[PDB]
Every structure is written in structure tokens, then in C-alpha cells.
Amino acid sequence: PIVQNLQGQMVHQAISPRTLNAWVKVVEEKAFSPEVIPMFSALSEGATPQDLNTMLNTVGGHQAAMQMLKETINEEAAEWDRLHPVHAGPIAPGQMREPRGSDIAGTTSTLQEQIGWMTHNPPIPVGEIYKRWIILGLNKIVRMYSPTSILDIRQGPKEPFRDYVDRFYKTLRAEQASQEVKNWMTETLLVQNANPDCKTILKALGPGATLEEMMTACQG
Amino acid sequence: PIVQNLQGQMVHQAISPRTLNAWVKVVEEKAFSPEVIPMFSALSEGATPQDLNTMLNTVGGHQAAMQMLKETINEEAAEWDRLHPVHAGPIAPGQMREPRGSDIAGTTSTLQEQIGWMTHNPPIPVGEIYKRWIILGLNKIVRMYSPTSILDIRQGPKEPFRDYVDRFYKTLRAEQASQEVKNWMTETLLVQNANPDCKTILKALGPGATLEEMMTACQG
Amino acid sequence: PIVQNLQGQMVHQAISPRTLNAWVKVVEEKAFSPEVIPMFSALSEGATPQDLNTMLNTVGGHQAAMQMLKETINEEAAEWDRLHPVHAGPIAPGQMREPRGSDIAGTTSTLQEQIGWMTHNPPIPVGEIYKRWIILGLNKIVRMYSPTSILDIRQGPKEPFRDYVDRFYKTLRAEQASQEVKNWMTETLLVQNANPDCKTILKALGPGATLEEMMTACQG
Amino acid sequence: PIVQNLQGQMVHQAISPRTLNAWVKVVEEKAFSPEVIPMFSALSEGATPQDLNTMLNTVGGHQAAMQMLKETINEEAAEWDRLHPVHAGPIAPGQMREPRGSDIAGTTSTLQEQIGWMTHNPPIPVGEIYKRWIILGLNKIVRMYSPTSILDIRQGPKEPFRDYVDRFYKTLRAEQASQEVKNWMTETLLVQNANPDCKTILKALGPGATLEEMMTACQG
Amino acid sequence: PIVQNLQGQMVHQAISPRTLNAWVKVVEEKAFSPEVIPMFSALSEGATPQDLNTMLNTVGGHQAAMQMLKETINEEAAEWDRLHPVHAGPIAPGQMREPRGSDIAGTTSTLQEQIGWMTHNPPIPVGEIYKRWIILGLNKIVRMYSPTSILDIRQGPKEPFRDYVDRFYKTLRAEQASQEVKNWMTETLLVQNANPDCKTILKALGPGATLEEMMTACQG
Ligand SMILES: O=P(O)(O)O[C@H]1[C@H](OP(=O)(O)O)[C@@H](OP(=O)(O)O)[C@H](OP(=O)(O)O)[C@@H](OP(=O)(O)O)[C@H]1OP(=O)(O)O
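Chains as they are written, first to last, in PDB author numbering: chain U, 1 to 220; chain Z, 1 to 220; chain Y, 1 to 220; chain z, 1 to 220; chain y, 1 to 220.
By construction, these hints were calculated from the structure, which means they are not laboratory data. It is possible that part of the hints are untrue.
One copy or any two copies: either way a pair holds, since identical chains are not told apart in the list.
Result set (DSSO-like, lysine-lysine): computed pairs, CA atoms no more than 30 angstroms apart in a straight line [as the list claims (entries may be wrong)]:
#1 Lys-158 to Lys-131
#2 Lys-158 to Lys-182
#3 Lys-131 to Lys-203
#4 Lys-170 to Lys-70
#5 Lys-25 to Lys-199
#6 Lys-158 to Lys-170
#7 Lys-158 to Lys-140
#8 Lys-199 to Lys-70
#9 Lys-131 to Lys-199
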């Protein structure tokens with residue numbers, strides 16, 4: 001990827017085989033859990049769009065998600081084209097023209113054009129826009145592979161509350177909603193879907209008590 | 001992460017995938033035990049807060065611990081905001097203001113801000129403050145993860161004292177207290193809760209005896 | 001670890017994850033035995049006391065030996081303080097006084113003090129003294145961890161002498177004693193604790209000889 | 001003890017019979033409580049070692065503790081001799097040496113020598129050192145006569161908590177541990193060995209509050 | 001305490017043995033009566049903080065009261081330190097730094113320093129502040145030691161009015177509340193909790209009857 005040289009300037013480089021192999025194996029091995037979203041951003045920082053496409057195309061199977069993300073990328077490119085008018089006219093060398101809906105995805109842009117965009121002043125974070133589009137695609141993939149919603153989790157009659165709250169938060173991180181709704185649901189559902197002793201302890205503690213005191217007092 | 005270059009200035013470096021994989025596997029597989037706390041400082045030396053956040057959020061399972069750590073990070077950010085008042089006025093030329101509560105967590109600051117802060121003169125160890133906050137969170141989560149205290153541990157009559165003193169030290173190191181309190185515990189409770197035969201042998205030997213003669217006294 | 005640049009100065013560096021991972025794995029899978037003593041000395045060359053204590057604290061399990069070595073380190077630090085002249089008062093500019101008992105253990109002294117001491121003129125081998133203290137602690141630990149003594153081993157009627165002498169030397173190597181008594185005992189009872197047929201064969205060979213002849217005759 | 005006189009001169013006061021009678025009666029009434037430590041320091045403040053030794057000799061009964069404190073006073077005299085340079089022979093005019101352990105014990109030093117030491121510039125508070133030795137002796141004696149420890153205090157189901165905490169604080173005051181350890185034990189042991197009803201009341205209230213809030217809720 | 005000295009500054013004098021004997025006997029006789037509040041002030045007229053500490057440490061029994069008074073002293077000292085300006089930097093002669101929590105408690109300040117504070121210009125009433133703090137502590141401890149509320153006192157048919165009014169007023173003198181609600185209670189409950197005959201007599205007389213008038217009316 002784009003790696004800074006030893007006490008020098010930024011230079012282009014290819015993706016190391018180890019990183020892409022680790023990415024593809026960790027993607028294919030277990031599942032499309034939400035934890036792939038951070039790890040992806042831990043392996044595709046400062047990378048040109050064509051290398052993103054190369055890393056994307058190496059997935060074994062799960063082509064329905066690939067079609068989903070391709071369609072979302074196409075529609076986002078169309079939205080970008082319609083919102084931002086095309087700047088026509090002569091274009092000076094070194095600072096190329098505005099990228100189009102196909103140039104951002106890198107399907108028509110070449111390596112030299114991407115390097116020029118990266119080194120262009122003012123900076124062009126087209127790779128970052130493609131990365132955030134991939135992030136949205138991964139979010140909707142997690143939505144596709146979500147086993148169930150949050151509105152049906154109920155703690156077992158004798159199940160310890162530790163696993164209950166752990167799986168509740170595991171499902172919560174995969175939910176797609178606003179932050180305020182997430183705060184409201186984590187304040188309400190936790191006390192409304194607990195065992196009688198734990199919920200009586202909760203109501204004795206009253207509102208405004210964080211989960212720390214809740215699950216240190218409900219112990220036993 | 002952040003590593004100084006040989007015969008050159010410090011330069012930003014991408015995160016090694018092997019380090020992240022080793023961290024996540026060692027966190028997920030063994031336990032939430034104290035020995036992982038030093039290992040963290042081995043794998044987090046000289047890193048931006050974004051690197052620490054990425055390392056933290058890549059763990060699978062145990063999301064209650066992650067929520068607790070996030071809440072403690074938020075409260076420590078509030079503490080930093082209250083101890084250090086928000087300085088208004090224009091930004092000094094080439095001297096960005098001190099990071100805010102949301103800036104140390106990295107949720108509202110771009111990587112360039114931390115890159116500038118690390119190399120700024122005088123240096124700003126905001127990443128070290130975030131690392132210490134994470135260390136405090138790890139300490140409290142490993143405290144709550146300990147299922148048993150040290151005041152109720154008892155030795156069975158039908159097993160050697162080896163594993164009993166082993167688990168006594170496990171519980172002793174899993175609790176956070178003053179060094180003098182730990183010395184008092186390891187001076188009193190190591191002999192006040194042993195098997196009766198070993199207790200009488202050690203009473204005959206008298207106080208002020210090292211652990212080696214204690215274990216070699218009543219072998220078998 | 002801190003390393004010297006070729007024809008240059010001495011620059012501090014972090015411990016590579018490979019070394020720590022290998023050390024913890026070999027500690028886990030190769031429960032304390034004499035051959036682990038050299039291994040540590042092969043993985044601690046040019047390492048600061050902070051690195052030594054970090055790799056020491058990463059161990060999992062068998063914390064009784066860890067407390068024993070911590071106590072021996074404390075008592076050796078006290079001996080160093082009481083023997084080596086402790087200087088106080090004014091300190092010459094550009095120089096710092098020798099590390100104290102708490103400084104050699106690394107509990108109080110900061111990493112910068114260790115870096116300055118290592119690069120000082122003349123250099124201070126505080127790290128090597130701490131390493132040799134750890135070596136003595138490991139020696140007494142492996143002495144403690146001896147499954148049995150050395151004068152009680154015998155040879156079964158259906159047991160070939162090969163694994164007999166193998167376990168004999170394995171137990172003998174775990175003995176902390178002078179070399180002369182080791183040679184004296186390895187020349188007399190090694191036959192007295194064997195099977196009668198090869199015993200009488202060796203006795204007919206003559207009192208004392210090179211062990212290659214004594215094993216070739218005992219073959220079959 | 002020597003008492004300063006207003007608008008006059010520093011004059012030694014003969015030991016009045018009132019103080020001796022009060023001390024002997026307060027010794028004979030209980031003879032075993034931490035209260036001897038303050039009261040003694042109120043009855044012998046600013047007194048020469050001769051007066052301290054006379055008051056020690058006047059009290060009778062329980063000669064085992066008296067012999068123990070006398071032999072420890074002898075060992076303190078020996079350590080005082082050995083820690084400080086033993087002065088001998090002629091002394092410089094207008095100056096006097098630090099009295100030895102035998103001299104400070106009140107056996108080989110007459111009253112006029114004590115008065116001269118007190119009136120010297122700088123003053124020599126040998127009486128204060130002897131008083132501190134006596135205080136340490138009383139502390140270790142009441143340690144030797146403590147009938148019960150602090151980890152075995154169990155409150156009966158019908159036993160009121162007021163007398164329980166009273167005797168608990170009695171034993172804690174009888175304890176000569178560190179101040180921080182005393183704070184830790186007052187924070188933990190008071191609730192670790194409490195009745196289940198008040199234990200649950202305190203758990204609902206929230207650990208970390210004043211003991212007055214504990215007692216106001218543990219009533220009944 | 002501090003005795004008046006002519007043609008010179010006042011010099012502190014030790015507490016007389018008879019005064020402390022009277023103090024301890026009046027403590028041991030009742031230990032919870034409100035009449036100890038004046039008796040304490042009559043003995044501590046201008047007493048140094050060291051005398052107050054010694055006389056507070058000479059009371060035997062009910063160590064919970066000592067713990068509560070010590071903790072209230074600590075919190076009041078912290079409040080005094082935080083509210084009163086913290087003197088820092090160059091402390092010129094003629095004044096002194098603010099006594100801290102331990103300094104105002106006399107455990108980290110020599111007696112000569114306290115004497116100089118008492119005779120300072122302007123004088124520092126450290127002893128008076130400690131006296132009022134321990135007076136508040138005594139008030140709250142005697143509130144604790146009062147086991148009966150004021151709304152349940154009733155004059156029984158076989159109970160004479162004299163005993164009823166005497167115990168009512170004696171408990172009122174140990175009650176801590178507003179003066180207006182005190183007046184309301186002493187004008188309502190005294191006629192609401194009497195025998196019916198002189199209840200009707202007092203109702204016929206009307207509110208505003210003195211103790212002598214009501215006691216003569218209820219005679220018979
Ligand atoms: O990090 P180091 O201890 O210096 O070892 C590195 C590391 O290999 P390992 O992670 O297996 O130790 C490199 O891999 P990356 O960290 O860059 O992913 C590898 O680079 P290659 O993957 O390109 O082989 C490099 O080898 P080289 O110096 O030949 O580039 C090798 O150094 P050593 O070969 O000296 O152990």
C-alpha cells in the first residue's frame with residue numbers, strides 16, 4: 001500500500017501477500033460477524049481503490065453479499081455523480097479532472113491516476129470515500145446475517161445473567177439504529193428482560209444506575 | 001504504530017497483522033486474567049489512540065467487558081475535561097490545543113491530529129494517558145472477573161498444600177490493594193488457613209520463616 | 001530490546017512479539033526443567049531490567065515460584081544495598097549515581113534511568129546482575145521442582161539400561177552440588193543401581209572405565 | 001516530672017503521691033487495655049529517666065510482663081550502645097556526649113546529670129527516649145496479652161451490632177498493624193463478618209459509605 | 001491548659017491529674033448524658049489541641065464513638081482546608097501556613113508550634129476550632145445514643161406528672177432541631193400526652209401555662 005519511506009516521501013507499494021492471505025482466511029473461516037468491520041479498517045488504511053477491489057474479489061463464496069456491495073457501490077456512485085456536477089474544460093497536468101462514478105470505484109482508473117489523486121493538492125480522499133462505502137456495505141451485510149432482533153431476548157429462569165448481558169450486547173452491536181434509540185433500549189430492555197431477583201435488585205437500585213453496580217449487586 | 005526511524009525522525013507505521021492476531025487470540029482463548037495486563041503494555045508501546053481503539057474493539061465475545069471499558073473511558077474523559085478546563089481563543093500557529101475528552105478516545109479526532117501531537121514540541125503523551133485508562137479498566141474488569149475473594153479460601157484435608165498455596169497466590173495477585181496490605185496478607189493468611197498438621201509444624205518453626213522451608217516442612 | 005547501531009550509538013527498542021510469544025509458549029509446554037535455564041539466557045541478551053520484569057510477569061501459572069524469585073530478588077537487592085557503598089548528596093553533572101536495590105529490580109527506577117545507565121561511561125551492568133539473580137532463582141526453583149532425589153533411582157528387571165542412564169543423568173543434572181562429588185557419585189552407584197547381569201558384566205570389566213565401553217558391553 | 005514555672009525558672013518537681021496513687025490504681029483496676037498508652041504519657045510527660053524507672057518499679061504483680069519489658073529494655077540499651085559511637089574518656093569542655101543505654105536506663109545516671117542533659121544546648125531528651133522505649137514495651141506487652149484475633153470475630157444472630165462493632169474496634173485498636181492495613185480492615189472486615197440481614201442492607205445501600213449510615217440502617 | 005503568664009507570653013501547662021480523673025469518672029458514670037457537653041467545656045478552657053487529643057484518647061469503652069468522632073474531625077479538617085485559602089509559596093514571618101487535616105489534629109505539629117499559634121498576632125484559634133468540631137461530634141454521638149423518639153412520651157395513669165415533665169424536658173435538652181419546632185412541640189405535646197383530668201384542666205386554662213402552674217394544676 002501507500003507506505004512512507006524511511007525519513008522520506010510517500011511512495012506506492014503493492015499489498016503484501018501475508019496481509020491479504022490473513023484477511024481472506026479470517027473472513028472465510030468463522031462468519032460475517034461485526035468484528036470484521038474494525039479489522040478491515042486495520043488492513044486497508046492508505047490503500048488505493050484497485051487494491052481494495054483485489055482484496056474484495058478474493059473472497060471464497062458468499063457471492064450474494066458481493067452482489068449487494070456491488071449494487072450499493074453503483075448506487076452510491078450514481079448519487080455522487082448527481083450531487084456533484086461534472087467540471088468540464090481543459091485540465092492542467094498533475095492535477096487531473098474530477099473522478100466520476102467509475103473512477104472512484106477504480107474499475108476504469110489506473111494506478112497512475114490513483115497516485116496522482118493521492119498526491120494531488122488539495123488532497124482527494126477518494127480511497128476513504130470508497131472505504132466508507134465498503135463500511136456501509138459491511139453494515140448491511142451484518143444486517144443480512146443477523147440471526148434475530150433484540151426485541152426477543154429473554155434471560156433463562158436459571159441462566160446466569162453474565163451470558164444474558166453478553167449476548168444482549170453482542171446482538172446490540174449488530175443492530176442498525178441511532179445512538180439515542182440504542183441508549184434507550186439498553187436502559188429499558190435490560191431491566192425488562194431479567195430474572196425476578198435480578199430485576200427486583202435493579203428496581204431497588206432505581207433508575208440512573210449503570211450496569212456496573214447492577215451486575216455487581218445481582219451477583220450471587 | 002509509532003516507531004522511531006533509525007538515523008531519522010519518527011514516522012507513522014501501519015499495524016502489523018500478526019501482532020493484532022496474536023493479541024486477539026491470546027485475549028479470547030485463555031482468560032481474563034492479570035497476566036494479560038503486562039502483555040498489553042508489551043503490544044501497545046508507542047501507538048496512537050486509534051491503534052489502541054482498533055486493538056480493543058477487535059475482540060470477539062465478552063462484550064460486557066468492552067461496554068464497561070467504554071463507560072470507564074468516557075468517565076475518565078469527563079475527569080480530564082473537569083481537571084483541565086477547555087482553553088478557548090485562537091489556535092497557536094503550529095501548536096494544536098491539548099486533546100479534549102473526546103479527542104483522547106479518538107472518536108472525534110482524525111489520525112493527523114495524533115500524528116502532529118506525537119511529534120510536537122513539547123511532546124504530548126495523550127496516548128500514554130489513554131493506555132493508563134485502559135489499564136485501569138483492565139484492572140477493574142479482572143477484579144470483577146475473579147469469582148472468589150481471599151478471605152474465604154480454605155484448604156481441603158485430602159489434597160497437598162501445593163495447589164492450595166498456588167490458588168491462594170492466584171487470588172492474592174488478582175486483587176488490587178496497597179503493597180503493605182499484600183505483605184500483611186502473605187505474612188498472615190498463608191499460615192492462618194493451612195491444614196492443621198502444617199499449621200502446627202509452622203507454629204513450631206516460628207514466624208519469620210521463608211516459603212521454601214514452609215513448603216519443605218510438611219511435604220506429603 | 002535496546003541495541004547498538006553498527007559503528008553508532010545505543011538506541012532503545014521494544015521487545016519483539018516473537019520473543020515474548022516463544023518464551024511464554026516454551027514456559028507453558030516445557031514445565032520447569034534444567035534445559036529451560038539456558039533458554040532464558042539465550043532470550044535476554046542486551047535487555048533492560050524493565051524488559052526482564054515484563055517478560056517475567058507475562059508467565060501464567062506456577063506463581064509460587066514467581067513469588068519465591070521475587071523474594072530472592074528483594075533480598076539480593078537488600079544485600080547489594082548493604083554491601084555496595086550507597087552514595088548520596090550532590091551528584092556530578094552529566095552523571096547519575098549507581099542503581100539502588102529498588103532500581104535494579106526495576107520497581108521504582110524509570111526506563112530512562114536504565115537507558116542512561118547502560119550508555120553511561122563506564123557502563124553499568126545492572127541488567128546483567130539482575131539476570132544472574134534470576135538465574136540463581138531459577139536454579140533454586142528447579143532444585144525445588146525435583147521429582148525425587150538422586151540416590152533412590154533403580155533399574156527394573158524389564159528395563160533396558162539406556163533409558164535408565166538417561167533418567168539417571170536427567171536427575172543428576174538437576175542437582176546443585178560441586179563437580180567433584182558429582183563425578184564421584186556418577187562413577188560408583190551408576191552400576192550399583194542396575195540389573196544384576198550387566199552389573200556383574202561391568203564389574204568384570206574393571207572398577208571404573210570410560211562409559212562408552214560400559215554401555216557397549218551392556219548392549220542387548 | 002520537671003514542670004516549668006510561670007514568670008520564674010525551670011525547677012524540678014518531686015513526684016507527688018497523687019500521681020503515683022492514680023497510676024497504681026489505674027494499673028490495678030484493669031492492667032490490660034490500649035488505654036495505658038495515652039494515660040501513661042499523661043502521667044510522665046517531661047520526666048527524667050529516674051522518675052520513669054521509679055514508677056516502673058513501684059507497680060507490682062504480673063512479673064512475667066515486667067521481666068519481658070525489662071529484658072527488652074536491656075536489649076534496647078545494647079542496641080543504643082551499638083548504633084551510636086561509644087564515647088569514653090575525657091569530654092570536651094562545655095559539651096557532653098550522648099548518654100549510653102546503661103546511662104539512659106536510670107541505673108548509672110544520677111538526677112543532676114539528667115538535669116544537666118535537659119538544660120544543655122542543644123537539649124538531650126534521654127527521658128523522652130526512655131519513655132518511647134517504655135511505650136514500645138507496653139505495646140508489645142498488650143500484644144502478648146491480646147486474647148482474641150480480629151479475623152475470628154463472629155456476630156451472633158441475636159447479638160446486637162452495637163456491642164459487636166464496639167469489641168471489633170477494641171480489638172482493632174489492640175492491633176499494632178499499619179495505618180493503611182487498619183483502614184482496609186475497617187473497610188472490609190466489619191461487613192465481611194456481619195449478620196446476613198445487615199449485610200444485605202449494606203449491599204442495597206452501597207459499599208463505601210460512613211459507618212454511621214451503616215448503623216442507622218442496621219438498627220432492628 | 002494555657003495558664004496566664006505575667007510580663008510575657010502565656011506558657012502551656014500539662015493537665016492536672018485530678019482534672020483528668022474527674023473527666024474519666026464523669027465519662028464512665030453516664031457517657032451519653034447531654035450534661036457532659038458543658039462539663040467538657042469547663043475543663044478545656046483554652047486547652048491546646050494536644051490536651052484535647054489526650055483527653056479524647058483517655059476515655060475507655062465504646063470505641064465506635066471514638067471512630068465516629070475521629071472521622072468527623074477528619075472530614076471537618078478537610079472542609080476547613082478546602083474552604084479557607086490554602087497558603088502556598090513564600091510564607092513570610094508574622095504568619096504561617098494553614099494547618100492541614102493532620103496539622104490541626106496535632107499529630108504532625110510540635111507543641112511549641114501550637115504554643116506559637118496560640119500566642120500569634122493575630123492569634124490562631126486552632127484549639128477552639130478543634131473544640132467546636134469535637135463538640136459537634138459529641139452532639140451527634142449523644143444523638144446516636146438516644147434510643148427513644150420524642151413523639152412517643154406518654155404520661156401513664158399511674159405515672160405522676162412530675163416524672164413525665166422532668167423526663168420530657170431532659171430529653172428535650174438532648175434533642176437537636178429548630179427552635180421554632182421545639183416551641184411548637186413543647187406547647188402541643190405537653191397537653192397532648194398527659195392524664196385526662198389535668199389534660200382537661202390545662203385545656204380550660206389555655207395555652208401559655210408555665211411549669212409551676214401546670215404542676216400545681218395536675219396535683220391531686
Ligand atoms: O519483524 P522482524 O522480527 O524483523 O521479522 C521480519 C518479519 O517477519 P516475521 O513477522 O515472520 O518475523 C517481516 O514480515 P512483516 O512483519 O513485514 O509482515 C519479514 O518480511 P517479509 O514478510 O517480506 O519476508 C522480514 O523479512 P525481510 O527482512 O526479508 O523483509 C522479517 O525479518 P527477518 O527475515 O530478519 O526475520
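Which numbered hints are broken by the structure, listed smallest first?
Per hint list: 1, 3, 5, 9 violated.
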